[PDB]
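Report on one structure; see the data block that follows.
Removed: one protein chain of the complex. Kept in place: all other protein chains.
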Amino acid sequence: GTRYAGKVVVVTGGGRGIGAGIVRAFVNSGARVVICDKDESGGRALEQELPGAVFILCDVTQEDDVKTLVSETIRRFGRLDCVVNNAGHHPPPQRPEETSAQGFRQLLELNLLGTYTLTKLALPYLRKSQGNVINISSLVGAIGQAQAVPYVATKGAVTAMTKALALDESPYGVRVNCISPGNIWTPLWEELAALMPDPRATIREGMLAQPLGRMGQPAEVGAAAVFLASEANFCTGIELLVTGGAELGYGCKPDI
Amino acid sequence: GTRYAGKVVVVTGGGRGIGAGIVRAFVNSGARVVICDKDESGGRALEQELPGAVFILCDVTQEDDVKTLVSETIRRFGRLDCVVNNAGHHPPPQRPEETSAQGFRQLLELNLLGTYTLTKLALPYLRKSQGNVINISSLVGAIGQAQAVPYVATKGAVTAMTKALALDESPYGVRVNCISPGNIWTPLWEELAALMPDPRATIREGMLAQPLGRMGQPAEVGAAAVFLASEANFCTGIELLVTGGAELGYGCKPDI
Amino acid sequence: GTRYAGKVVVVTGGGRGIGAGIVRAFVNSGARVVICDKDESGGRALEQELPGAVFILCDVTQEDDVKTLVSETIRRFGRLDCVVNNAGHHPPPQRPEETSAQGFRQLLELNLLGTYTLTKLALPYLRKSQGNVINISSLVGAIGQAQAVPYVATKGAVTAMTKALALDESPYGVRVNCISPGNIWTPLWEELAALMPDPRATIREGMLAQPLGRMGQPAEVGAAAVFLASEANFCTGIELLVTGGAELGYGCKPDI
Partner (left out) sequence: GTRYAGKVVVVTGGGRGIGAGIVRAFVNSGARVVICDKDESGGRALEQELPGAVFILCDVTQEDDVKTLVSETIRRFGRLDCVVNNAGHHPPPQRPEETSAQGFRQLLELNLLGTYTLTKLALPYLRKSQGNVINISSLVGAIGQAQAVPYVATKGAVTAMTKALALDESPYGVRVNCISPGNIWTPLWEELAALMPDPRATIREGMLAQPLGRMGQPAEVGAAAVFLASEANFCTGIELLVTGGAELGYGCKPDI
């Protein structure tokens, strides 16, 4: 209730899924939270539910939406301590020959450039507060995934960008870190599975891809984010894996 | 004060340095802590200072000392939730030709096999409590260090062993993680620097090896350990870097 | 002279620097090489110098240039075995607040989407030949670099995309790998250094960033590419570091 008291946090894509879990974790740590989302439904309800959270409609691909997000956060709360760049999307499975450069550009706009834009607009305020940036990347940026060339590329970019920005902002006392979740049970996961021939088999395989034998929860990503914001004062440029061990060991992926 | 309430933690090498910082962090989180050390001086004083911590003399290279450590922890506190394998040593700088197989074996006994032995003896109790293991490795296991072949090898072993054991213990609900610190200001760091021709220059270089421009503190490693024990329920087999960004970018290490 | 005899290779950005070194290495291995470049000067001279190499003017950011590159390679040589995606650029040092989303998009077009486009257009022919893709990424995609947020992000994307595509193309026998060079002495390196206040000091620091004490040569990247094409039949999705050890150890990047 006090580990991040007095602090102001912006969470993009905070209306459902991982983002909502991060919002809840920060509120529970004593922070005031601005929920940014392009969809009103979840975020508005979350603002009614949580004292200490408010909702601002903002599409992170629209530069003027993001400018207004930052200026309204400062106008309403007087400071900015942490930006969590969580908004992102995973397209349906797509074989490489079924992808397009224009779909790839669109996905870069959301998963990479939206993170870049908010971070850039927020950094002057983060420098004043010795605040920090937390980017939500993905394990698959590090190890790859099948039928997801554009998505994987966007997350490799986010993880790398996190390290570059950590170097650039270190002289100013602003830490920049990322979290790479594995399979987290969210509405995106449920929507992707529903597209498959056997959604139940897809979900079962998703649970068993982790040594821990289940998928992760938004609250577990949220606790990692609160740690990075509030207690990881010597961590910058790290990639914190929240994956249940999926990257470990051999699996289902004589010498001729 | 309550994030790890009711839990029992063993910290090896807990009498000074990083270990003492981890002890303090766990006590502050509400746990009872057993301080294991081969040196009475720091650990006994820490037991007097901290309600909730007690000291047990134990050299982790001596199997019967470790057996007694575990059986006394259970006899006195009734459960075991977390083992922090922190005891270890860094020899003075040694060029490869100045090392010996027998010095290498001795360092393996402490930095690797002591961690192995306590973990093995503790695992039956950790399974009962769905507890966890935290090994203190080192950034240099991942990236190397000059004049430290044996030390580097021992830490590469610890980090790898953490992943193997995480796979083996996942079916039983026991997580196994490691922390890889960079330069942390401790009595070991101070003792190593005092051996150098210009200790002050060695310390200054140590501070500047991190983008953050300072060395880390035992309390920062301690906060990472408390996160891994108490809030990282979907993390297993991870290497949590607490290094101030030392692994990032180019440094001081035309084409002929 | 025979390790890649009978094979046809396309090298983008092959007119100078690393690309020209890769062209020479493949010609020396017995392959026929198509030099792609947006600049006529170096590539045309290279075509006159090397029997077995020909030059095709092609800007990899222009989809119809790339379509013609592939169709002319097939029309003239009857097969395609290897694509080396080397074309790319490093902007001058830019602090994060001096970058723009539109500059970032432009750099993505070259360093990431040009690689994507040629690969996509080439893959039907690579499947027929059980050929392979080699992407030239950068060490800084993995470890970060200062004053280079957009560049670093593009190379993290390339390395990640390499892994995704390796997964997707494995059933078809097409390997996809990348090379991550460190400091290689090329016209780009020389042009960037000339912008600095003391170019000589910048170059000296560049040599000393590697434990080997020099920068690398285009011929060394070329030999790595020939290995990946011709002899690495069980390697797919790898990142082959050609960096002189720059990522190893501590450098120039008490606890307060």
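For clarity, chains are labelled A, B and C in written order, and residue numbers in each chain start from 1.
We adopt the following convention: a residue touches a chain if its C-beta (ideal position, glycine included) is under 8 Å from a C-beta of that chain, and two chains touch if they have at least 3 such contacts.
Here the chain not displayed is in touch, across the complete complex, with A, B, C. The residue from A:50, A:179, A:192 or A:209 that touches the chain not shown here is A:209.
Seen from chain B, the chain kept out of the figure touches residues 63, 95-97, 99, 101, 104-105, 108, 112-113, 116-117, 119-120, 123-124, 140-149, 152-161, 163-169, 237, 253.
Hidden from this view is one chain, which touches chain C at 163, 166-167, 170-171, 182, 211-213, 216-217, 220, 223-224, 227, 231-238, 240-245, 247-249. Where chain A meets the chain that is not shown, the touching residues are 140, 143-146, 183-185, 203, 205-211, 214-217, 245-256.
By our rule, only the chains that are shown with their structure count from here on.
Distance between chain A and chain C, defined via averaged C-alpha coordinates, is recorded as 30 Å.
A straight line joining the Cα centres of chain B and chain C is 41 Å long. Those residues of chain A in touch with two or more other chains are numbered 163, 166-167, 237.
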